[PDB]
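Take a look at the structure below.
Here the complex is missing one protein chain, while the rest keep their positions.
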Amino acid sequence: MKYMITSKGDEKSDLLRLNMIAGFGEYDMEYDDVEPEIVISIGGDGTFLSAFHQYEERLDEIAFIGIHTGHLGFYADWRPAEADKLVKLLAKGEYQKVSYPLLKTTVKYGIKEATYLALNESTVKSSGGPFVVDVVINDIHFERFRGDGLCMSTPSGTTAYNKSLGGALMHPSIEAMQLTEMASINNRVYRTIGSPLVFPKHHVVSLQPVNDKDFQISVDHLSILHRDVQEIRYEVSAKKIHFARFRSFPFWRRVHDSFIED
Amino acid sequence: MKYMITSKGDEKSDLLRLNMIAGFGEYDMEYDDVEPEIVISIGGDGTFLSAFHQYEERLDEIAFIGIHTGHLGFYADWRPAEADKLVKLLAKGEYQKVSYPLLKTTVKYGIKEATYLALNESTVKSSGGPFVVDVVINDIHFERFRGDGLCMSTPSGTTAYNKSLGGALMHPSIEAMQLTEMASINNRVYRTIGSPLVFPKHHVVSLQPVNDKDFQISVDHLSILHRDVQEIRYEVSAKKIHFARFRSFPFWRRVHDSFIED
Amino acid sequence: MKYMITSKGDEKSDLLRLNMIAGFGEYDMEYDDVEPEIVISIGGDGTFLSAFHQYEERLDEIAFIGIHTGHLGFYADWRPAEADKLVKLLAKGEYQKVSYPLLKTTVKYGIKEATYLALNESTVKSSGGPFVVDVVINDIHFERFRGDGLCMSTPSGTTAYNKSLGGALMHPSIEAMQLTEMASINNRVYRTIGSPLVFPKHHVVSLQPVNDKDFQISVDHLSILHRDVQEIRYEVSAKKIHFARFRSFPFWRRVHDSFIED
Partner (left out) sequence: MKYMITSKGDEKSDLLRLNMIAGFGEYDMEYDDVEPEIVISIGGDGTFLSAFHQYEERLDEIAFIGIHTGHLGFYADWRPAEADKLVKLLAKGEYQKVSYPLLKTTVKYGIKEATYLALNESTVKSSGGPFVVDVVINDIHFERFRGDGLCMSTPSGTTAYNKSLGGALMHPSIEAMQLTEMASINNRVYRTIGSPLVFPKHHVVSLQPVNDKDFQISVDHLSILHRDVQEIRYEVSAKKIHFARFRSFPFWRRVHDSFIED
């Protein structure tokens, strides 16, 4: 069917991309980077994230596949030596699709609104000065956070920034998001929960400014300074990312291979 | 309907129990501690845990209610001053039931099998010497754990031992269990994941002895030395605990009230 | 003797400053903010830090005193109601001096050199992109750090940023500095020590760029973007800050009062 291939851009990934295109030419596969049905990413997890954001408006029509040209990427879970086997299996199709949950981030301003989708996480920091936000969960004031920032992670993002912040690793069949603290201050007058928090679908987490209304907001690799922010709202998206799966590579085995040994 | 009341046993809880029994006597309520349909616990969370384990073979026929005579208990979420209001609302019924997930623990021996249900968590430590187990997830060898022990928590247990071990706090609508480490050793030859792990329903986590086969296994307050252990298996139970709910007391508000301020 | 008084600048601190100046006028005390021998800070710890940096070139000629107008400040350990008692005791003198260690930070450039003194800590982050430095301890390559940044703390700084990063609290009679990580990445290819590190006098810790040579370097409240950095060197300073002490207020009691209860 229609497919496209993105490359990290080094000589090794470009050559693998050219060889796969040549192999696809031997099948009823059409290269189309406007309306692909398969998106192949050749590089690392950064490359895969750029592919996801390149096509985040057609997520329900696309199955993604990652090939890692360096060491094992968490989303890019094919080795370059297996590219021909992958061309052949994709060409026939009949593969099964697997879906991971996504995070929806809404940024409200004063006197419109922007929404973003994250595959790993969205974070919030101040624009230079102290970072202070009120954390409101389902319209209930939960805590006033003082510290470096906050991180809201998807399940597949839990092995990324979330992990370095002390968060739990969560299986991606769980439709949830996870909020972790960056260096909270805690004394007898300033108090946060400390622990990571895991939220189900339909729970809304709202960050509201206390003094400064300018924030540095990241969504995956993208980081933008937002001014005149009234609110930042987090919820599990209704949208999901779909992967083409051709063999068993369980999440916990992927975790083992990335952090324990391989 | 049929009900019973357990008390922590101090003078204050016994008197509240006697007064509630007297108030129930003014309604079509029969005291029956063999086949209750309502189980009221007066005391603390320890009292509530004993009530749950007293009736864990009739969980689907029972709705639980906790009254906290000390500071706020996480399961015991009525104040003693509200006991009369609670008698009246229970008597009429028409309340809604809320369900929390439970943890199933299976202990296998050599040359039978024991199962246990946990509302907070189950933990494993050695019987005195070094603690070393292989952690197997869905039949996949994940890590060899060396350290003080391991803790497997339910969602409502995540605010208990799990929290002190660095675990995430998880909303109890999520059907999951969470595994946390106790003082793992990590150097260039011994390696664990470090991070808490969150598992969905139908995932099985198996601990298998490496040298010593004797372990101290806790389930909630109960702690027993098990000998000749071949395997300890954790999974989300199919069984659930049901609470009688008469007003909104959201989980995240309960978390706020217990750890932030009240 | 010669003295000066700095104020946080709100109405309450300015009035206390004016009243102390009036009280000092009744003694052989001369107001001199060029060559003071006593520097009184009225405000919070931020105010005290600005006072220290205002006079960091005459530290050996100055004894510092802090008055906290809000809740207890860690350096500002007199209440406003005790200001008159403090005027009287300072006027007579015969007080004892207590000394805390300081941190020296050297920043080297390519094709000069800048040094800074810190009372709380110095931190390093990237100028926007990924943060990667090689950590060299006494000319020995120790680790390649990948993450958000690094924090080097004095002993009295250990209750500040260092504490939020998981660092140990160290008694200020110990002449040491403490290095803590901010969100290090650790997988099977990236590896850091994780643990805070505590260094004695005469040990030198050097951070050396790997790719990007631009860094955001903080020293206490001051944060500056440094370009073309070749090296950042940390060592315990030979210089010390001196406090005027009039009564026993032990460090561990100050810790208790700030974080446990008061």
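The chains carry the letters A, B and C, assigned in the order they are written, with residues numbered from 1 in each.
The definition used in the following text is that a residue touches a chain if its C-beta (ideal position, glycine included) is under 8 Å from a C-beta of that chain, and two chains touch if they have at least 3 such contacts.
Engineer: Which of the chains on display does the removed chain touch in the whole complex?
Structural biologist: Counting the whole assembly, the omitted chain is in touch with B, C.
Engineer: Looking at C:24, C:75, C:161 or C:199, which residue reaches the missing chain?
Structural biologist: Of all options in C:24, C:75, C:161 or C:199, contact with the hidden chain holds for C:199.
Engineer: Using the touch definition up top, pick the residue from B:49, B:65, B:124 or B:165 that touches the left-out chain.
Structural biologist: Of the candidates B:49, B:65, B:124 or B:165, B:165 is in touch with the missing chain.
Engineer: Return the single residue from B:69, B:184 or B:206 that touches the missing chain.
Structural biologist: The one listed residue touching the chain not shown is B:184.
Engineer: Considering the entire assembly, which residues of subunit C contact the chain that has been omitted?
Structural biologist: On the subunit C side, contact with the omitted chain comes from 137-138, 140-143, 163, 166-171, 173-174, 176, 178, 191-193, 195-200, 203, 250, 252-253, 255-256, 259-261.
Engineer: Spell out the interface residues on subunit B facing the chain that's missing from view.
Structural biologist: Subunit B touches the missing chain through residues 71, 128, 147-148, 161, 164-165, 182-189, 223, 257-262.
Methods note: only the chains that are shown with their structure count from here on.
Engineer: Taking the mean of the CA coordinates per chain, how far is subunit A from subunit C in Å?
Structural biologist: 38
Engineer: Once you find the CA centre of subunit A and the CA centre of subunit B, what distance in Å lies between them?
Structural biologist: 33
Engineer: Subunit B to subunit C: how many Å between their CA centres?
Structural biologist: Using C-alpha averages as centres, the distance is 46 Å.
Engineer: In subunit A, what residues contact two or more other chains?
Structural biologist: Correct list: 259-261.
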